[PDB]
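**Student:** These are the residues of each chain, in order.
Number of protein chains: 2
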Amino acid sequence: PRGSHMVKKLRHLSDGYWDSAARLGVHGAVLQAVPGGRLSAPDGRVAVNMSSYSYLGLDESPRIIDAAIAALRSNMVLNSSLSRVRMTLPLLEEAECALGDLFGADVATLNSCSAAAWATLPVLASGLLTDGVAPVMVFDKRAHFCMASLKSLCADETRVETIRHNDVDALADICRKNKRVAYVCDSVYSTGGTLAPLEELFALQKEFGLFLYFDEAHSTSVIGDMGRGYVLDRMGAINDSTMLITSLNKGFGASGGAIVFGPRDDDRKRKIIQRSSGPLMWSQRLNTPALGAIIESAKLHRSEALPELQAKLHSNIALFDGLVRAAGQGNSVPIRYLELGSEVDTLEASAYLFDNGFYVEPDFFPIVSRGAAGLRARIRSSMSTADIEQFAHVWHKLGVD
Amino acid sequence: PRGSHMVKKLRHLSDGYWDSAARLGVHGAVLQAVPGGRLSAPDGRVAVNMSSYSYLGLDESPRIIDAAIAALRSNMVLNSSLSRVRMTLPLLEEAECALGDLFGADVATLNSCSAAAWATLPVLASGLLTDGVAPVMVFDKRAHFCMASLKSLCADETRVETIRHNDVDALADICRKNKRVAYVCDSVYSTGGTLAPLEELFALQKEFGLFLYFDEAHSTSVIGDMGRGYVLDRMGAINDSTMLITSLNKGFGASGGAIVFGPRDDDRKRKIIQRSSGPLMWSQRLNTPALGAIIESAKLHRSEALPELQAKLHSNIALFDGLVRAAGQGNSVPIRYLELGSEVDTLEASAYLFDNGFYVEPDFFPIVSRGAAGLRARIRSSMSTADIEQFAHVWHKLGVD
Ligand SMILES: Cc1ncc(COP(=O)(O)O)c(CN[C@@H](CCC(=O)O)C(=O)O)c1O
Ligand SMILES: Cc1ncc(COP(=O)(O)O)c(C=O)c1O
Numbered sequence: 005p006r007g008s009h010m011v012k013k014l015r016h017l018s019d020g021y022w023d024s025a026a027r028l029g030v031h032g033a034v035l036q037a038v039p040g041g042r043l044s045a046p047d048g049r050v051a052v053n054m055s056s057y058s059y060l061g062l063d064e065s066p067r068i069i070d071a072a073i074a075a076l077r078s079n080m081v082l083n084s085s086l087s088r089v090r091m092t093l094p095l096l097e098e099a100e101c102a103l104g105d106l107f108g109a110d111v112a113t114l115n116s117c118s119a120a121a122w123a124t125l126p127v128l129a130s131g132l133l134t135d136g137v138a139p140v141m142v143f144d145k146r147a148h149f150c151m152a153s154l155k156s157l158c159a160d161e162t163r164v165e166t167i168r169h170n171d172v173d174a175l176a177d178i179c180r181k182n183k184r185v186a187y188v189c190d191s192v193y194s195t196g197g198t199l200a201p202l203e204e205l206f207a208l209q210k211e212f213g214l215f216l217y218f219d220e221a222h223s224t225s226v227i228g229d230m231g232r233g234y235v236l237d238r239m240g241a242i243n244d245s246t247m248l249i250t251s252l253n254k255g256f257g258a259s260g261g262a263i264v265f266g267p268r269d270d271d272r273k274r275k276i277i278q279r280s281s282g283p284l285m286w287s288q289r290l291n292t293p294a295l296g297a298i299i300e301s302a303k304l305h306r307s308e309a310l311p312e313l314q315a316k317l318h319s320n321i322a323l324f325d326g327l328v329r330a331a332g333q334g335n336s337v338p339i340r341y342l343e344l345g346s347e348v349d350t351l352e353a354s355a356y357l358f359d360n361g362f363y364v365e366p367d368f369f370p371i372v373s374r375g376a377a378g379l380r381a382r383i384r385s386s387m388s389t390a391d392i393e394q395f396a397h398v399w400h401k402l403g404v405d
Numbered sequence: 005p006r007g008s009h010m011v012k013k014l015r016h017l018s019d020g021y022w023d024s025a026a027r028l029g030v031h032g033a034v035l036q037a038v039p040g041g042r043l044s045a046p047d048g049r050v051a052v053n054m055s056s057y058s059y060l061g062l063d064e065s066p067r068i069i070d071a072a073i074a075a076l077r078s079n080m081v082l083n084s085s086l087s088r089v090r091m092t093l094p095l096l097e098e099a100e101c102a103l104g105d106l107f108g109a110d111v112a113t114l115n116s117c118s119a120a121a122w123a124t125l126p127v128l129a130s131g132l133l134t135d136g137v138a139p140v141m142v143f144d145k146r147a148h149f150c151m152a153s154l155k156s157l158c159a160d161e162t163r164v165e166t167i168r169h170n171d172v173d174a175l176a177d178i179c180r181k182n183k184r185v186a187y188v189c190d191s192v193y194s195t196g197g198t199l200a201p202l203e204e205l206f207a208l209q210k211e212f213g214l215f216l217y218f219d220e221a222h223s224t225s226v227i228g229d230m231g232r233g234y235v236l237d238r239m240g241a242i243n244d245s246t247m248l249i250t251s252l253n254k255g256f257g258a259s260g261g262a263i264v265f266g267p268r269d270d271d272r273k274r275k276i277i278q279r280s281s282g283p284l285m286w287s288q289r290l291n292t293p294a295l296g297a298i299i300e301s302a303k304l305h306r307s308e309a310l311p312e313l314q315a316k317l318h319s320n321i322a323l324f325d326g327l328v329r330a331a332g333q334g335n336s337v338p339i340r341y342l343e344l345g346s347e348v349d350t351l352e353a354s355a356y357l358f359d360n361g362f363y364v365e366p367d368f369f370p371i372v373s374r375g376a377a378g379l380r381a382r383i384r385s386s387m388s389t390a391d392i393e394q395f396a397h398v399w400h401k402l403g404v405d
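For the protein sequence lines, the chains are B and A, in the order given. Residues in the first sequence are numbered from 5 upward in steps of one, following the deposited numbering. Residues in the second sequence are numbered from 5 upward in steps of one, following the deposited numbering.
Keep in mind that the hints are not guaranteed to be accurate.
Same chains, same names: a pair is fine if it fits in one copy or spans any two.
Said to hold, decoys possible - Once the Cα atoms are required to be at most 30 Å apart in a straight line, the calculated DSS-like pairs of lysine-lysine come out as: (1) 145 / 210; (2) 275 / 12; (3) 183 / 275; (4) 13 / 145; (5) 181 / 12; (6) 181 / 13; (7) 210 / 303; (8) 145 / 12; (9) 275 / 210; (10) 183 / 13; (11) 316 / 401; (12) 181 / 145; (13) 275 / 13; (14) 13 / 210; (15) 303 / 13; (16) 275 / 316; (17) 12 / 183; (18) 275 / 303; (19) 181 / 303; (20) 401 / 303.
It is worth saying that the hints were derived from the structure and are not from the lab.
Chain B on its own, in the form it takes in the complex:
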């Protein structure tokens, strides 16, 4: 109904930008992964990927890949061949128990974070997770599309309202005028260098019982003790009014996504969502290599390797912040947005850096608003001090301010 994520019908301007990005080779490239966060082209040239989302370099960990191979060798199937509602392989239960140990919460895996949003948001909107009381579903304007695109489903169940980024004052007003409210947002935003305002949100939760739904896809692993993420690091123990969705193919170094339902010893939320007609019931479970990767990555997150990787990541951020200005400086979030304010210039920049051995993803309309084009750089712990310094060199040679 009212809340919506309409398909873009006017695409002459946007198709022109996509076509140019492909023509310039910054999009549509067939590149091979190569050690050291690098990309190999058909001609043989090698570039450093500055926009990779494996923030801790776990996509290159031989431990994790070996545990994925081992899981497939011993199971000898890619997957079970029934819905998880009927049965699961012991490997799936071991993976979800290992994630539950790490996050300190009841956690289910799904084939993606997007499937996890589809499985949870309509159910949250129905009241079933809020004592039979349909909440007002309040979305942040900059919430990821995996969640925003499902507003119409949420509106089929309750009232959906979208508020301005971090408009805490407006959310409080909605809270004061309604019995039950929920806020759908991203813990770490991939643009603008912003973060979810936890202090005010937790207070509203205390005062009004505001249900908090967070997308931690850029928070898992990169932030917090044992990489539990930004929300759990501040919250400590998850409560019954907070639910988290996340991807495990980024910092965690595995594949798929997950729903952090709440307290580990309360099965009501898992029960409710597992028995609802959505992706957790009828979409394929993660295959056994992915589940092996999850188990090994979880052990690694619980060990002394995670602090070291977060250390090397915070260092590489400081090194980058000392040599290049970008949206976000000293926020300790490994995403830096190189504002260029010009679609044509962002694509030209991207094509230049790539010819110089550095790929930085070009953000243009419709990905970002018009005239707000920029290059999105992601800092990994797997970057060398040289990679970072050698890149700041080539960036200034472009002479953009």
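Got chain B; can you put chain A with the ligands on it based on the hints?
**Tutor:** Just chain A with the ligands now, kept in the frame of chain B:
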């Protein structure tokens, strides 16, 4: 409607059936995959899975497993670490080129058939796929809920209608009274033992240019040359008013799902869907073992091994139909629905069969309508003549006819 004691009485009823399924052990079981389509419990007791969706038994193919392990070894990463819009691994291109050669069509992979539905249904609803003219979106009542749960997304774009199951009369009427119509249906229904009315549908398409959207999850690999499925077996070459979505974790013996955009030499539908804000743009690509499995399975589907597997499957269907009466008896698709109506009888029957070495999944509400419960058997090529004959023996001891 909420506030109806009935909808709460119905929930207490449904929660009772799900609780019984868990108590009876037909749901919630942790079971290991065992050779020959079998499942092992920790006490060492084993059951034949009469409900596996690996219709050609490819879940146990050593060739596919080996290819999946090899893909992980050579690539040395679980996946790439950017949106596929920026770039892709050569392995992913090899997979999609392989599927494309196999179906004779442009084909993209995604992490699930559900994601394929999410990526395509709103776009078809918008008109961008049908010459700028938003079609009337006509959903069959029994279309799988990965499609049907998204009707609201489509309704925001255009008019959505639901017709009675296989009601080709009602669909033709809609084609007369409207300029452009689309029909969303399953080629082979997930349960209920019914198929799509292809002859009538193809005629309506010739007369009114009706766009046909088919979910081929239970058709892929099961039927047709090179396993191209039910629709393409009868259509021949794909036209530009037909789109197919399918899963590749069932008969194909791999992981993930796929969108069959249409003819191989028209890039428009892929471009439009790839540039829309859905899972094809911002949800993770399949991991490298999954892509290795897709490639090896495609080679398999081109070889003489596929018609051998299809012959064994259809021979097992003939054997089963000669011995057990189920919805779908006589057709050439593996789904056989044993209608029991009562949810109590259905759960008791599944628990009885499971205690006697045969797992048969129980469909009750919300999987199917109330009072329409039943056991969902699925025929697969990995079934022995004795597995089927013995299941028939145990089944008939209940005295249902
Ligand atoms: C007709 C149909 N289309 C799409 C899907 C979704 O496929 P995915 O690729 O997994 O997203 C299903 C799932 N029906 C499966 C449920 C499978 C599972 O949960 O593992 C079934 O056959 O029972 C289906 O039956
Ligand atoms: C914040 C956020 N949430 C969700 C997703 C998608 O997650 P997945 O690929 O697991 O579906 C992304 C990736 O683009 C993301 O950046």
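**Student:** Going through the numbered hints above, which ones does this structure break? Give me the numbers in ascending order.
**Tutor:** 7, 15, 16, 19 and 20
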